[PDB]
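Student: Now for the letters of each chain:
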Amino acid sequence: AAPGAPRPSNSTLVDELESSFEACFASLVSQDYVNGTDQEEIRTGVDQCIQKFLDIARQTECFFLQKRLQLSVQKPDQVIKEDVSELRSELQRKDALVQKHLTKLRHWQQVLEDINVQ
Amino acid sequence: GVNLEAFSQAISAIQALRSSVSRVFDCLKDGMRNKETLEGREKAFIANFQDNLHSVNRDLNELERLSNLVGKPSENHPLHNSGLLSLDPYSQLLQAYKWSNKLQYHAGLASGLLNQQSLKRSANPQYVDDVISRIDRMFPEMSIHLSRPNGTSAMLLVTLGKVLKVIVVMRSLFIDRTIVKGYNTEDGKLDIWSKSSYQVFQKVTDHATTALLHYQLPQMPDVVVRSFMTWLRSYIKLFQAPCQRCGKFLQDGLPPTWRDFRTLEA
Amino acid sequence: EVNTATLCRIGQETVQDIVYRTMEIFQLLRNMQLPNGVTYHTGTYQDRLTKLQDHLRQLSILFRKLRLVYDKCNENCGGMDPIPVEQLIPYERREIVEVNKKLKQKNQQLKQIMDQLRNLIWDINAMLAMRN
Amino acid sequence: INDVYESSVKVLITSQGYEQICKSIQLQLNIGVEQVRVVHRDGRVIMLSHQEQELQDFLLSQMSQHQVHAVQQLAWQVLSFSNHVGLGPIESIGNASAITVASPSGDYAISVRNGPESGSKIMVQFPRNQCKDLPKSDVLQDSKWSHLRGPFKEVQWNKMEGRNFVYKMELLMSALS
Amino acid sequence: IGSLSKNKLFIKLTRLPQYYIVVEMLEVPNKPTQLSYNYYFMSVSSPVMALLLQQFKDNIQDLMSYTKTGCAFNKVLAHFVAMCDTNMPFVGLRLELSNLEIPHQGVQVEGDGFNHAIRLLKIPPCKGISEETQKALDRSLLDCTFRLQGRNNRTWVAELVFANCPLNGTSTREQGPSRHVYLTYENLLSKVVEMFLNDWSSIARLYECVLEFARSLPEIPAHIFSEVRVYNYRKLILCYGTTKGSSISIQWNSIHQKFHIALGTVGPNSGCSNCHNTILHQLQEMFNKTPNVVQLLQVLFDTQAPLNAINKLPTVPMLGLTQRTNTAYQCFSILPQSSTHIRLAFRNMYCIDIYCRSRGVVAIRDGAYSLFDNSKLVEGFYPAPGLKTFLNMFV
Amino acid sequence: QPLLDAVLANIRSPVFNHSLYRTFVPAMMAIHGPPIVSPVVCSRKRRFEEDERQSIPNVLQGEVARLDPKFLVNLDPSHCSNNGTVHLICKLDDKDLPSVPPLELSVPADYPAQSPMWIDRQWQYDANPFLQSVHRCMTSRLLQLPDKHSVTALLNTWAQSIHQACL
Amino acid sequence: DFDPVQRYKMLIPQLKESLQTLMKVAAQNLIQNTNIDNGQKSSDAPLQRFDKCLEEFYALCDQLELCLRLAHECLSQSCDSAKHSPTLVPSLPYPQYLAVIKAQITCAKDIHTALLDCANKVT
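Chains as they are written, first to last, in the deposited numbering: chain W, 32 to 149; chain V, 8 to 96, 104 to 138, 159 to 218, 223 to 304; chain Y, 27 to 117, 138 to 178; chain L, 465 to 539, 544 to 645; chain I, 536 to 580, 587 to 611, 641 to 760, 767 to 799, 802 to 973; chain J, 620 to 786; chain X, 52 to 141, 153 to 185.
Wrong hints could be hidden among the right ones.
Derived EDC-like pairs: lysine to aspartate or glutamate, alpha-carbon spacing no greater than 16 Å straight-line [to be verified]:
1. V:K134 <-> L:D521
2. I:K705 <-> J:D687
3. I:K954 <-> X:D88
4. V:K112 <-> W:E71
5. I:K954 <-> X:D95
6. I:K547 <-> V:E303
Think of the hints as simulated: they come from the structure by calculation, not from any bench.
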């Protein structure tokens, strides 16, 4: 059924990411003896594991982006609230940076007065 | 110890010799399947002899021969076999060696192919600098030194083989504002900013600035300064210019891609 | 308190962080040499051991949160479930817009303030250019 | 280290919330001796005038193009066939600043034509399965192909959910569910 | 035939195929300005090859500018330089490719692409099996495309697609037709078509090989079935360890006409090394005799248990100090000289040889007899391992 | 060095290529024991039925599939079925100004020729002065086309001449 | 006491000459078989066994392969020992070296167990 044109399959793209992650790690540690000889046999496996990992990460990001677009075109109020929260965070960061710069400037004023005191 | 690769090549060669012998004797065990015009497949027999001529390739091992003939009785290995007979659990040491080498090569290939990053952005120490500079100074023919005459920033100078010394101002990392000066240098009482050149060393400084703006990484300044030092040291020859003649312009120096070639070639 | 779009963005950032942490653990595994090599007997050894321990604990928590946000996105399919605008991509809000305008005005004011500050900083750099 | 005569500034594109878009970094060493010499990524030693600044906008456009290319490399794998400007789509409005980034990702393909006022928001995206075509010599034609990505289906980059030009992946995501 | 004016050349386009030249059209009546920048063009290749071609649109270039949507004269000189800058590589590619087939040039990418592209038609056959592989290949073949990739200096990318491919690869979201095929090329001095056609011949050989897979295996699908991995031009399969383990691969080498195979290392419930490379060389030679990949798959399914089992024992260590000398000897010298027949010895002494052929039949023999014990010995390893017959008959 | 086996294989003229069997296979099966080196079943029909039989040579099909959608090709009276294989009756349905459909009858896929034949042109071109100028420009361009091709080159040159000779 | 390089150097010419002799005897057996089968009997002489030839050839081939493999294993052992331990042996105190090796093994086992628990938590 696998080699043919149809391919019924489900229950993936959720834990399959962790499966592919843990895949190219048991070859490192297992309850089996490890032969003391290896020459480019590991690259053929790690390349496949890494490309599958990148592919499944891109699949997950595409699923998230699709849900993002669906909920945005459906209910943009979430996008408005997100922009509001981003503006709040930007204002808070700006205020914190301003307070730190003011503290530094006041300290420098104090030490400058002390140096001019001679 | 690259002789291990030579011995592995010899093993592959003799195994290929055995395989070629088996293959030619098997082919001799069969005739013309379907020719209908001429049994030219017998020529493949001669071609099989070429693979038997690959036995002379094993003779090439005589060039790779004399790889190891010394004392050092197995390099501090025997502990239980040549030592305490009761100490039988030794081979765990070799197992750990193989495990470590496998992990090292695996992670190396992984980091090499992980260049395809997937992190969009980040959203919701002078002693260390001197130590990094001294550690980078550990390569031969790359005598560098720093003095920091002005400012808390780092003032580093490098002199590799000639009077083409280069200065690079750093901010504990991502050393920008490069200035190379061939044959004078530290005029006045400290590093200078004359930046005078022969219309070619100034081009070299432009290349260095381009690389610094190019080899800038988001973090891990160690790899950054390492790539910087290698990229600068790659200029030790300035004697060859592929893809053109040796006189395409005033001078032909631009190795940005790990290989020098004729200038004005992007 | 839906925060659904922010939740999807957080999930994307979390999988990106998972990938980056995989890169980081590989880069920290490659430089794990023999214990009794030169000097790193146990100090840096146990240090990076605890480092990777925290790495794996954080990655496990991240996988937990990824499963949680995936289940939340799945259960979020309430009302307008099909929503075929995915393949059909194109080819009050007043109070929020006013708050945004006021925020951008304050941001422009702070931008002018930062412009004055950086002008003073360039001036100080000029002074230091005159230094000995 | 502001010297007695010259200085320098390092500038970058800095797309909205994308640290991986660092595709161009211009180092400008300004001096009163002559014109400023700037290098971004090519060692192209240049020299502007006292009131000439359009080079900044040209770099902006071409780096926007390089950035959409890199982020396409980030999310299918549309190859590097996107060049700077092929023969000029919009008569090179904005001092040769003409962008033309092509990107065949998968069964679809997206091509954007940006530029400094030379129609910056000119992007089309064509899929394989379409509606309007000519099935006279094609339907009866042997080997019925699903690769007939004929019509342009202009993206019409207005009111698109893109913060600042940086969400071409956001539309590329709508290609595989 | 021109006035006193400067000229230019290219580097990123080519060395010097076309000199770029402009003359200031002076002596303008009733106007001391508007030199109009009379453009020209040279095809110099060393005397200058004087091929002016009179190729210029000035001053009707303003008409082409008004035809589109749209203070130096960049808007026209940029066009007039970039058109040749992006054309010369394509015309050179067409000239070098006219030898093979269909060198039609100029087909724009739907017009809205604004980028040159060279589509091909009926790539010539290869030295492979042109009897039936070429037929089905061209039956599934689609047009190939060349485009300019890279940093516009020297880089040619090729996109290839086919019809419904027989090797229906799963876990890769393969489209209705063949998904894609991509090939990069970057010459240093400009032969790229040679490497291109070599790649195409490799594609043809591997396509024939994959087409030979269209059958039904007796019991292999039980070992669910994972052999439909991502397939563009390198097959991959894993019918081992009841999981996606020991994924044998299939590719091509340009230098030698032999194929290449390598097992996979991905898999949770697999061996640490799990590399059958110890025998791979042997079996790879076998693959050069019979390219039928199903035979390779079946012999691998057979040798799964014996290979892994015989590799389980330690063999690398040198047993420490020797038995009675200062030297050392390997723990168990192993050598699979053939497909299934292997040779095993201890400390270069008392060789044995076990090999599995049938569904479970693995025969053992003493490797120091030479098929005639009463005659002589093998002049080497010591014979007579002892009562191995009854030792094995115990179980 | 061992040319003896070469001269022996040269000697192997007689048709009985079975003595080498008894000569070599005993020891071969003795020391090497793969009696089944490929137990996989191999029984496939080489040629059952594979033919288009329902359209023109698909070469021109794959070619015309690439052209711009602004070119609309149709089917003329049946005189270019298999050998000629092409009746390029095209319309330039686009934003540009329309014109007379070209003929462009090419030859068998071997391509020892091109498409332009221009049968119905005699009255379609001389009637309209502007269309006559278009025809003059198209002829001057085609004559300067070294070995034009089936669909791409001819139609491209025709369209560019039609939309260049506007003036 | 023979060396691996010495045994290789003395085995290679024996291997070459045995190959030559076996090929000569194979050609002789082939021409004899053809003359007796295809044509008339002319080679009125007994041939050789022809089995011992390639049998001993493969035997010497296996011997060479395994000794070269042993030499490669020895070089790899030396390299990994120099990489995982400093060159010091009677200089370094032997019990201290044994304890260092034991600690290295324990540390590697701990790293392996940590990665295994990590993989299990990923499951």
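Student: Which of the stated hints cannot be reconciled with the structure, identified by number in ascending sequence?
Tutor: As far as the earlier hints go, 1, 2, 3 and 5 are violated by this structure, in ascending order.
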